[PDB]
Each structure stands twice: as C-alpha cells, then as structure tokens.
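Single chain ahead, by itself, as structure tokens, in the form deposited in one PDB entry.
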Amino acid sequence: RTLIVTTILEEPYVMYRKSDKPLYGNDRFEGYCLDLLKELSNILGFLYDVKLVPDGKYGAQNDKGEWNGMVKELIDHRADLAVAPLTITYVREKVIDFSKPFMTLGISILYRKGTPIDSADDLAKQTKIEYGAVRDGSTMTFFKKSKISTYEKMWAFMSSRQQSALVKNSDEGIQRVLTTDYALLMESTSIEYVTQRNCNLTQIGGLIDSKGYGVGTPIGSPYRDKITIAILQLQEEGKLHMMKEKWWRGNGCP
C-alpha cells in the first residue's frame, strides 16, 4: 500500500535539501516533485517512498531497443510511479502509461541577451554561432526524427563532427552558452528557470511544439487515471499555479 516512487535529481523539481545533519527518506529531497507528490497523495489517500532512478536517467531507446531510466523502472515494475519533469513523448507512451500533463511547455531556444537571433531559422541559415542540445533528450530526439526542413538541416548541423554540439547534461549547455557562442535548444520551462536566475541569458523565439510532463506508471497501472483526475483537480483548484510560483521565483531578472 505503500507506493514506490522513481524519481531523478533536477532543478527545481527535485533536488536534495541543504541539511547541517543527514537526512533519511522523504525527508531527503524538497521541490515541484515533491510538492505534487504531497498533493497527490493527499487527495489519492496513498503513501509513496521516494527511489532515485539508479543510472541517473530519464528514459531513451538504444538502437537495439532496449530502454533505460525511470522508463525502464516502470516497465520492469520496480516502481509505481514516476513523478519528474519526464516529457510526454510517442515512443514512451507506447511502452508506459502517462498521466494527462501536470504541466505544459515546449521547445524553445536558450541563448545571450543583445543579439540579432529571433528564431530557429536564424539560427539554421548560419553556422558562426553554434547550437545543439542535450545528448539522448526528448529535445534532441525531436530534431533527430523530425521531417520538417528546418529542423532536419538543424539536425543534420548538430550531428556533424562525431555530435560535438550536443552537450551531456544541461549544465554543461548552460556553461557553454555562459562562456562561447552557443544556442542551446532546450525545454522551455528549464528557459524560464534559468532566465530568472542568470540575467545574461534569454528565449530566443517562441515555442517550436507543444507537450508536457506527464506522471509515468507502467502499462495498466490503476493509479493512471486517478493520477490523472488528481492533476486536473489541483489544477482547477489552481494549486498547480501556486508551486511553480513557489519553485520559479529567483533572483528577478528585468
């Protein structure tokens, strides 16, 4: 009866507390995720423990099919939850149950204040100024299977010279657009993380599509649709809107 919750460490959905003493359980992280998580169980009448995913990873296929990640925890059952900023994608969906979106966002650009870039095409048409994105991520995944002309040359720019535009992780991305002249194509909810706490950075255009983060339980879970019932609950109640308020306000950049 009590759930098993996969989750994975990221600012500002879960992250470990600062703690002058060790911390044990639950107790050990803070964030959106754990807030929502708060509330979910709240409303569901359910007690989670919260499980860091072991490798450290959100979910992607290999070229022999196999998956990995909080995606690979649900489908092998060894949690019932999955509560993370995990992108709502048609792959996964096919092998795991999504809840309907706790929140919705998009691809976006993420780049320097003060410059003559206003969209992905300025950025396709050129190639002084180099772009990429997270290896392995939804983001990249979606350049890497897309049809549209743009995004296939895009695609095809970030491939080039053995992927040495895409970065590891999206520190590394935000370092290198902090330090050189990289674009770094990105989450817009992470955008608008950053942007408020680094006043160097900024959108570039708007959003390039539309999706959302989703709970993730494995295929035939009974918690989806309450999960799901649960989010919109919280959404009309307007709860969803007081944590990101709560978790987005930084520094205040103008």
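Positions refer to the first chain, counted from 1. If you superpose the two forms and keep the largest set of C-alpha atoms that fall within 1.5 Å, you have the rigid core. Compared with the form deposited in another entry:
- Once the two forms are fitted on their rigid core, between these two forms the CA displacement reaches 2 Å or more only for 167 among 84, 79, 167, 96.
- Once the rigid core is overlaid between these two forms, residue 199 counts among the residues whose Cα shifts by 2 Å or more.
- With the core held fixed, residue 40 shows a CA shift below 2 Å between these two forms.
- Annotation for residue 134: C-alpha shift of 2 angstroms or more between these two forms, rigid core superposed.
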Contents of the next structure:
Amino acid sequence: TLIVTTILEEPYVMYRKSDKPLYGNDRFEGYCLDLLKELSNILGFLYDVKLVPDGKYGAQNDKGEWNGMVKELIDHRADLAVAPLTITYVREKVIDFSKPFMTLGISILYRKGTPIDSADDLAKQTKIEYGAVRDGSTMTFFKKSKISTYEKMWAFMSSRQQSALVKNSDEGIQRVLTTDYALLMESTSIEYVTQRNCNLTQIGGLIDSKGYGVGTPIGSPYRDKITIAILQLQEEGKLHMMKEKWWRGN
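Next up, the form deposited in another entry in place of the form deposited in one PDB entry?
Partners and other molecules have been left off, which leaves just the chain.
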C-alpha cells in the first residue's frame, strides 16, 4: 500500500460531501483522486491518501530545511505526491517529478467587453486597479521580474502599503466582480472562475510557464512508471476528460 501525500485544493482534492462521517480514501474527491485511481489501475498498486499535516506544498526555510509535501517525500514518509505540485528548479534538486499532467501560467482575470488587451495595457494606466494574491507565486514572479512591463506593474502593486494585493483567490475574485479590478493568477484558476462567471474572462495569454507533476522521492522507480501512465492517459484523452469534468461550471 503506497502512501500518497496530497493537499486540499479545489478542484484537485476536496472533502467529499456526506451526511455521515466518511473514512479513508472515500473522504476525498476531485481531479487528483480520479488521476490517482487511474494510476493505480494502470500501474497496479494499493494506496492510502494522507493529507500533508502542515498543509503546505513545500518550501525552504531560513535554516534551509524543507516542509510540506516535498519534505514528506524526502523523509520517505510518502511514496507519491499526487497534487497540483509545481515543477520548479529548487524542488528538482530534492525530489523527482513525473511528466506534468497539466500545463499553465500566470494570466489576467478581468471583465468582458473592455478595451484592455494585455499586461502591457494594465501597466500604462492607474485607473483600473490590479494586483495578485499576497505572498503567492504570482506576486513573487512580479517581485523578481526584470521585464520592464512587469517591473512597472510590481511597483504599482506594492505601492500604497500594497493595497492592490489581496488575501487569497476567493477575495481576489470577489474584488474583480464588485470593483474595477483585474486579478493576476494561474490560468487554471482563471478558467475555473470564468466557467462559473459568464461576465468574466481571461485577458491576454500566459505570462510565464510551468507544470503540475506527480512528485516522488529521488531515484524512485515510480517516477518513470507514472510518466508512462500519464502519457497513456493523455493519449486516450482521459486527462482532458478529467479536467473538463471538474472545471466546467453549468
């Protein structure tokens, strides 16, 4: 029985609706559980889903130690990390990633019918307010960016005690709906939102690029085996099917 570390994140991993207490894997549902089920069928394994105790994806601290799902893999307390775990340079040094089951990037959430076309257009004015989730990977991107357009945007975002920023995605979406505000976040989030709000849309293309992949400890045999399975699922069109099932609104 494999130990699968994961994290609550709509619509990847969610508590299953019930009128009676549930136990084990039946407690959870979502894109990642459907993915995991398929993985266990193709590769032939038993698995137990365990939410990461600290509720974090994985980062380094001041002392240089890891936490979250990344740490659970490193310490071999989990065989697989099946969650929207971002494939990054720093993580690739301590854990292994399969082929990304999903590709994405930073983009713009805003209203329909407006003349705004791109990040370029947001940066050249101060009327339409814009920002991102505080201390998220999107804010970090703009914070470190040496691109002139994104430097101008960051200087704006951080001005006036960072009032343009928001606490989380839910707050950000609400701000977009209620005020004249454009939110910067992952294209996966934006589509989840736009499918459930018919007067919102994505503006422009992807600002950066990365992927979500299944994480394994370094040197694990499951790394190659999952990549093979994901390729098969991609070829069958099942990955597109799975995304459609959980992303569509009504």
